[PDB]
Amino acid sequence: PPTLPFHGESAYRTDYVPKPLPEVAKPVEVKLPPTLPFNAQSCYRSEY
Amino acid sequence: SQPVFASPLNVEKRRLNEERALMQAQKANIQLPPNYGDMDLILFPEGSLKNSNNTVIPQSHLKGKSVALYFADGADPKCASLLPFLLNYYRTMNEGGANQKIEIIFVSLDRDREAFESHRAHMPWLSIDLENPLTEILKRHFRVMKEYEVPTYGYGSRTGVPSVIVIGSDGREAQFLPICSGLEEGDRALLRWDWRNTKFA
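Residue numbers (the deposited numbering), protein chains in the order written: chain D, 204 to 251; chain t, 2 to 29, 35 to 207.
Under the rule of at most 30 Å between Cα atoms (straight-line distance), these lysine-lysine pairs were calculated in the DSS-like manner:
1) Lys84/t <-> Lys56/t
2) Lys56/t <-> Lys205/t
3) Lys222/D <-> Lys107/t
4) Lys71/t <-> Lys84/t
5) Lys152/t <-> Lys205/t
6) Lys107/t <-> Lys205/t
7) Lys71/t <-> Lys152/t
8) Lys205/t <-> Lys222/D
9) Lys56/t <-> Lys107/t
10) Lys69/t <-> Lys56/t
11) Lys71/t <-> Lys107/t
12) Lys71/t <-> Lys56/t
13) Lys205/t <-> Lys229/D
14) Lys222/D <-> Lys71/t
15) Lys222/D <-> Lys69/t
Computed spacing ranges between beta-carbons, pair by pair:
16) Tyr219/D <-> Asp176/t: 12 to 22 Å
17) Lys234/D <-> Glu20/t: 48 to 58 Å
18) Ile143/t <-> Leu224/D: 25 to 35 Å
19) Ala7/t <-> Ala214/D: 20 to 30 Å
20) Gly192/t <-> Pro205/D: 17 to 27 Å
21) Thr217/D <-> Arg202/t: 14 to 24 Å
22) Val227/D <-> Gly192/t: 40 to 50 Å
23) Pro9/t <-> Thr206/D: 14 to 24 Å
24) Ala214/D <-> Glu20/t: 31 to 41 Å
25) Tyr219/D <-> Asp46/t: 16 to 26 Å
26) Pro221/D <-> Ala29/t: 26 to 36 Å
27) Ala7/t <-> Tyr219/D: 17 to 27 Å
28) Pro205/D <-> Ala104/t: 48 to 58 Å
29) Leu17/t <-> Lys234/D: 46 to 56 Å
These are calculated hints, taken from the structure and not from any lab test.
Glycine is no exception: its CB is placed at the ideal position from the N, C-alpha and C atoms.
So that you can see chain D by itself, here it is in the shape it has in the complex:
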């Protein structure tokens, strides 16, 4: 008589394989608004 060869693979042996790592490369590139150039052009030079 033959031996029924043991096929069997547990939960811990089956149901996860090493996943590919998540592809993350994205910073928050913020274009700076340039400082709005200032003429609240003062009193002395403004009127006299």
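Got chain D; can you put chain t on it based on the hints?
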């Protein structure tokens, strides 16, 4: 080294891969023997697969196809019961889309040439020549047999004839379709096919 370590496809793959790795080693820090993920192989040779019109296609034609081997026997009553269900699944699942989705290769456990050809006349998908040793290599690789004739190496009989095995590009056992296994879902286990997740790349 998947699904097993002791299989002829695996040992030939190991021999070819670390022969090539050693060759590049004296041609050039390199790592010996190579890691299994680094290892690559050709799963089907040039003249293995054959369609319903008896014209050969190479392995590169299976790309983008959720492909599965079908170990089958002409005279087995499970296979005779399963074959129309697999046929209609292939038919409907492939008809209902604007893209090819699943593809089946046929591996034969049948006794002889005439009965193999009579069985193959009913299958509308790809198949492997019976006297091609690739059938025996795949049977020993995925551990399928009707009865203990070839000695398994402390391993098990993963399935009995018939079976549907979703495979990968490197011979990975992507998922089991439980027709005759520890789960025993006859003719409706086919719906467990995750064709989105598994593709022959």
